[PDB]
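First, one chain by itself in structure tokens, the form deposited in one PDB entry.
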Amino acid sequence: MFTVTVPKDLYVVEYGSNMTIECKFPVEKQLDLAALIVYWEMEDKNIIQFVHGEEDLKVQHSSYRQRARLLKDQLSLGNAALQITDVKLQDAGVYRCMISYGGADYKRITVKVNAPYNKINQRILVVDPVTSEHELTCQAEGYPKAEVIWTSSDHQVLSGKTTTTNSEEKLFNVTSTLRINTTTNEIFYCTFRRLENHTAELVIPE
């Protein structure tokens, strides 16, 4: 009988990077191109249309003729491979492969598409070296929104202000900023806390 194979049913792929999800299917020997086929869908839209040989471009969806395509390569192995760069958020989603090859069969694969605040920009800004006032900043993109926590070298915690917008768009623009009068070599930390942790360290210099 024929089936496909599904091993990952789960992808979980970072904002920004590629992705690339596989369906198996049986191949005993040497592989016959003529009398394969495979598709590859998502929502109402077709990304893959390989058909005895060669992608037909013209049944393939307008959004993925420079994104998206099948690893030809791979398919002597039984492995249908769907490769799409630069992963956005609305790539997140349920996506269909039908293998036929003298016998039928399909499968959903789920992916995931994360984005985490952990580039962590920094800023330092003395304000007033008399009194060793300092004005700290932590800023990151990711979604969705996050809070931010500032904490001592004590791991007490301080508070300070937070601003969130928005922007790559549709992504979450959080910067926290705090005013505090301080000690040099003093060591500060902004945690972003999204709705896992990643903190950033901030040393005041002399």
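Rigid core (definition): largest C-alpha set, two forms, superposition within 1.5 Å. Numbering follows the first chain given and starts at 1. What changes on going to the form deposited in another entry:
Considering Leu77, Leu71, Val126, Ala104, one residue stands apart with a C-alpha shift of at least 2 Å between the two forms following superposition on the core, and it is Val126.
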Given for the second form:
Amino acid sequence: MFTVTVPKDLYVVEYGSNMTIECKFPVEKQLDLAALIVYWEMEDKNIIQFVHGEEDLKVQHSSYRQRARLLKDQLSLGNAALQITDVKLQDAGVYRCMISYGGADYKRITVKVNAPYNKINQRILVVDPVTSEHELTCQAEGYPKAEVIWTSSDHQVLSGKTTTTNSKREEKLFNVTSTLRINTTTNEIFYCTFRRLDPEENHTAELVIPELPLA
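Could I see the form deposited in another entry next, after the form deposited in one PDB entry?
Lone chain follows.
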């Protein structure tokens, strides 16, 4: 009878990453464009309007300018694929696709955006090589607030000092930095794990105590 079909309701997408959502519809042997209406829209704003095999840019809501494109290839296989570059937190929400190829249907893909603590900038300071006390630091930003957990190489937990504030890059994200001061020695290994709950999500960087010139 002809119906528009969605590979999934929900996509959890990665902040500052690129987004690809799909609408599927029947393509008998060949695609011809004259017939086709592809129209994507989220919260009433036009992302994309596909008509006579071109895309009507004049109608694309300003805020989607050159950040949203439509594939041209997967149309050909009965797959309407909306690609959104550099995903923002705002980009979370509900997206309607509307296809009309001899039969109009529509679907509604829900889209969550996550900002995982997954780019961990690390650094090590040998504070006083007589005492062997070092200063290991890990910093990163995501959403929501995360804790840092320090562990030795035998997974014993250690006392750190962690400092959360709002990221100055993005207003909605958090900066998290943690510092361990510990007497250790060349080649010893330590971890800093950025955890965050509901659902839990861990990202941890591996820290190797280096060897520098002359004790």
